[PDB]
Every structure is written in C-alpha cells, then in structure tokens.
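Asker: The primary structure of each chain is shown beneath.
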Amino acid sequence: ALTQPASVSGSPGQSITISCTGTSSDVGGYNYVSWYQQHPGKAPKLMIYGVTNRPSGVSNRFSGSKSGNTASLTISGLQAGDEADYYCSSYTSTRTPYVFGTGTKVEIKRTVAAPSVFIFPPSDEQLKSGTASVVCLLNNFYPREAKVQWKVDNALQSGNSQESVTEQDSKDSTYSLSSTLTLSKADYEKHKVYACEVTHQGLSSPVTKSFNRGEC
Amino acid sequence: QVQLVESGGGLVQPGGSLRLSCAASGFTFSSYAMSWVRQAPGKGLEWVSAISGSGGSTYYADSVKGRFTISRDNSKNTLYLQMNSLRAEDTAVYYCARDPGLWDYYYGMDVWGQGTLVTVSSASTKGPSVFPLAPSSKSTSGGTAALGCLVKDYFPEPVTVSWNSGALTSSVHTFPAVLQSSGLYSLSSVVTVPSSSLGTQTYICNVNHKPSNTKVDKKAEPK
Ligand SMILES: C[C@]12CC[C@H]3[C@@H](CCC4=CC(=O)CC[C@@]43C)[C@@H]1CC[C@@H]2O
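Just so you know, the sequences run in chain order L and H. The opening position of the first sequence corresponds to residue 3 in PDB author numbering, with each subsequent residue numbered one higher. The opening position of the second sequence corresponds to residue 1 in PDB author numbering, with each subsequent residue numbered one higher.
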C-alpha cells in the first residue's frame with residue numbers, strides 16, 4: 003500500500019501530521035488523495051478527498067495537502083476523541099485504479115495514570131467444568147506499557163496466561179488490560195494463594211492483588 | 001435515509017462459497033459507483049472490488065480477481081459480492097460504500113454500510129459459556145468496585161455483551177476477543193461501579209452469540 007507511519011501521537015491542543023508516501027503514478031502525479039478516519043469497531047469516515055477538500059460537516063481541524071510524492075493530513079488542536087486509525091488512499095495511473103495506505107493510529111498523550119488493579123477467582127459454576135479461569139483487571143492506566151505476571155503459591159507462572167488490551171478510551175485517553183490465567187480445576191485446587199502483580203510507570207513498585215482459594 | 005445495509009456474512013468452509021448483499025436506500029443507487037472494501041481482523045482496509053453505476057463496468061482487485069465477482073440491481077438497489085471459492089484469508093469485515101461523484105469520481109467513499117463479518121474456516125460454530133467475575137473483597141477500592149463476566153470458548157466472532165440490558169454503559173470495558181490455542185475465542189467484559197452500589201444495584205451481563213443461538217444473562221455479585 004501507500005506508506006504511512008504506524009503511529010502518530012501528540013497532546014490535546016497540539017497539531018499533528020500524518021504522511022502518506024506514494025509514487026509519481028499516484029499521490030505524486032494526481033490530486034485524488036483521500037483520507038479516512040476509522041474509530042475502533044466502526045465504518046471509516048471520509049475526511050478529505052481530492053487532496054485538500056473536506057466533505058461538508060467535517061471539522062476544519064482536519065486539513066489535507068501534498069508535496070512531491072507525499073500527502074499529509076494535519077489535525078489541528080488535537081482532541082481526545084480524535085484517537086482513531088487514519089487511512090489515505092489514491093487513484094493510480096497504473097493497472098491499479100485505487101489503493102489504500104497502510105494506516106496510522108493516532109494516540110493522544112495525557113498524564114501518567116497508574117492502573118487500578120483487581121483479581122477475580124474462578125466461579126463456582128466454572129470449576130464444575132474441570133477448568134479454572136482467574137482474571138486480573140488493570141483499569142484505566144496511561145501510558146500503554148504495562149507488565150502483569152501471575153504467581154501461584156508464590157511461584158511465577160509461565161505460559162498459562164493471555165492478555166487483552168482495549169483501544170485508547172475516547173474520553174479519558176486511557177487503556178485497560180485483562181490478564182487471564184487458565185488452570186485445570188485439579189491444579190487449581192492443589193494450591194492456595196492466587197496473585198496478579200502489576201508493574202506500571204504510574205506506580206512506585208509493583209502492586210499485587212491476590213486471594214486465597216477458600217477464603218471469604 | 002441515506003444508507004447501505006449489508007447481509008450474508010457468516011462462517012463458511014474453506015474452498016467454500018458465499019454471497020454478500022448490500023441494500024441501498026435514500027439515494028439514486030444507479031447514479032454512483034459503489035464499492036467493496038474489506039478489513040481483516042486487526043489489519044487495514046483493503047480495496048477488493050468496484051462496479052460502475054450501471055453494472056457495465058465492474059472492476060476488481062488482484063488478490064481477489066480469480067474467485068470473486070461483484071454485481072448490482074438499481075430497482076432492488078442492491079450490490080452483491082457473490083463471493084465464491086472463499087479462502088481463509090478472505091476472513092474480514094466486508095463493507096460497501098458510495099463514491100458521491102455524480103458526473104465525475106471523488107476517488108473517495110462517503111456513505112458506508114455497517115460491515116458484515118465473513119469468517120472462512122472449517123471449524124464449526126460453538127457458543128460461549130458465561131461466568132461471573134464477582135465483585136471481590138480482595139481489592140475493595142475505597143469508592144470503586146469491579147465486576148464482570150467471562151465469555152469463554154466461542155466461535156466465530158462476534159459476541160456482544162451489555163450490562164443490565166443497556167442501562168449500564170459508562171465504565172464498561174469489553175475486551176477484544178483473543179484466540180486461545182484451543183482455536184476458540186474468549187473475552188471478559190468488566191465494569192467499575194461505586195462500592196456503595198453493590199448493596200443497592202444488581203449487575204447482570206447480557207451476552208449474545210448470534211452464530212450459535214447462545215443468549216445468556218449472568219448476575220455478577222458479591223460472595
Ligand atoms: C469507486 C472509486 C472511484 C471509481 C473507480 C473505483 C476503482 C476502479 C475504477 C476503475 C475505472 O476505470 C472507473 C472508476 C472506478 C470504478 C474507485 C474505488 C473507490 C473510489 O471511490
């Protein structure tokens with residue numbers, strides 16, 4: 003596709019710019035570059051067509067341009083809600099009639115916010131199935147970087163967990179993370195203490211949350 | 001009432017076939033090139049095919065040319081991606097979209113439908129089991145409590161989770177599904193709420209995995 007940076011970040015009120023690098027047969031030689039904004043889980047929205055044109059209704063905070071073989075989207079006065087993926091596209095004089103760029107994720111910078119952390123035991127319901135899931139929630143932290151590891155009876159766990167992170171929140175610009183520990187009921191029942199230890203910028207040292215299996 | 005409503009997505013076996021539909025309303029469908037764009041899970045938009053307003057010129061991407069065919073109906077206002085010979089790598093959300101260029105093209109798609117998931121896999125539908133993540137006294141956050149539901153072992157995507165039938169939305173995090181080495185997806189949906197509310201408000205997640213006719217409401221509660 004058309005070359006875009008993987009990611010662009012700035013603070014609210016900044017102006018940031020996303021480039022889109024093509025060739026003389028597309029972005030460089032013709033004035034049919036478009037830009038789309040796509041929020042997590044929604045359809046893209048047309049922000050700019052014909053290099054510089056904004057469809058009626060699109061905020062004048064978004065402007066398009068190009069120089070040589072590179073088009074740029076400039077978003078002025080960055081908002082929290084401006085977090086999204088952005089795609090350019092171009093007509094090409096080649097067999098290719100139309101192509102998209104590789105897309106850029108816009109991250110809004112904000113103050114450091116330590117995760118609030120929670121641990122959940124497997125449900126009584128679930129154990130009857132011969133498997134236990136223990137979940138650790140890291141809520142509303144910033145920056146994105148986190149580490150979470152599992153300790154059962156104090157022994158660091160390897161290879162029995164998966165993590166999922168949310169997209170940057172549109173209002174508070176934070177992230178949340180789940181860490182899920184999967185054990186056989188059998189293995190689960192033959193240990194007592196279950197702990198999630200979180201490491202994050204906004205926290206002096208690790209925060210641990212645990213419970214004891216069979217504790218109230 | 002300007003809109004494009006898609007249908008026909010689903011879980012389809014490899015080498016298999018599928019026909020997608022895209023029903024147009026609120027505009028003169030014949031007057032506009034319409035287009036199919038797809039996005040594989042986590043990936044970018046890939047232009048797949050396009051067709052002239054009249055159908056007389058339909059146009060297609062490389063990666064798809066062999067086995068896909070775009071087509072259209074201006075009385076039924078409907079675009080089709082009869083999609084045949086499907087492979088796993090055509091697994092994506094498929095969108096249709098309008099170029100609003102009336103006498104000329106924008107090279108820009110303005111009106112978009114909502115998307116349809118196409119999953120090309122030889123695995124079969126499997127509904128989730130739903131377990132509470134109960135508010136728990138081993139992390140009692142002064143003023144804020146967390147609880148949730150674990151939605152484990154389903155296929156294909158997607159699953160939807162809401163809380164108290166849509167009443168509770170602020171403070172909800174429904175995490176992106178992750179594929180287990182079991183080949184099944186799993187996710188949790190959580191919510192933070194005042195500790196004080198655990199004694200005054202009941203919390204029930206409503207999970208719906210339409211592909212498997214699995215509907216489930218689970219209460220997430222203390223002790
Ligand atoms: C629809 C479209 C403008 C019209 C394009 C289409 C790509 C292929 C194409 C080839 C042609 O020769 C005529 C115009 C069309 C049909 C483009 C894809 C997106 C863009 O908006």
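Hint data in this document are derived by calculation from the structure and do not stem from the laboratory. A virtual CB, placed ideally from N, CA and C, is assigned to each residue, including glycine. One or more hints might be untrue.
What the hints assert, rightly or not - Quick list of the computed label-pair ranges, beta carbon to beta carbon:
hint : chain 1 : residue 1 : chain 2 : residue 2 : range
1    : L       : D155      : H       : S124      : 20 to 28 Å
2    : L       : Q164      : H       : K138      : 16 to 24 Å
3    : H       : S31       : L       : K149      : 24 to 32 Å
As the list claims (entries may be wrong) - Which residues of chain L face chain H? A partial, calculated answer using Cβ under 10 Å:
hint : residue
4    : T5
5    : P7
6    : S9
7    : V10
8    : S11
9    : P46
10   : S95
11   : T98
12   : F102
13   : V114
14   : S125
15   : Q128
16   : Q164
17   : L205
18   : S206
19   : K211
Stated by the list, open to error - Which bits of chain H does chain L cover? Going by a derived footprint, with three or more residues having C-beta under 8 Å, they are:
hint : segment
20   : 21–31
21   : 110–118
22   : 176–188
23   : 193–200
24   : 208–217
Asker: List, from low to high, the hint numbers that the structure doesn't satisfy.
Answerer: 1, 3, 4, 5, 6, 7, 8, 10, 13, 17, 18, 20, 23 and 24
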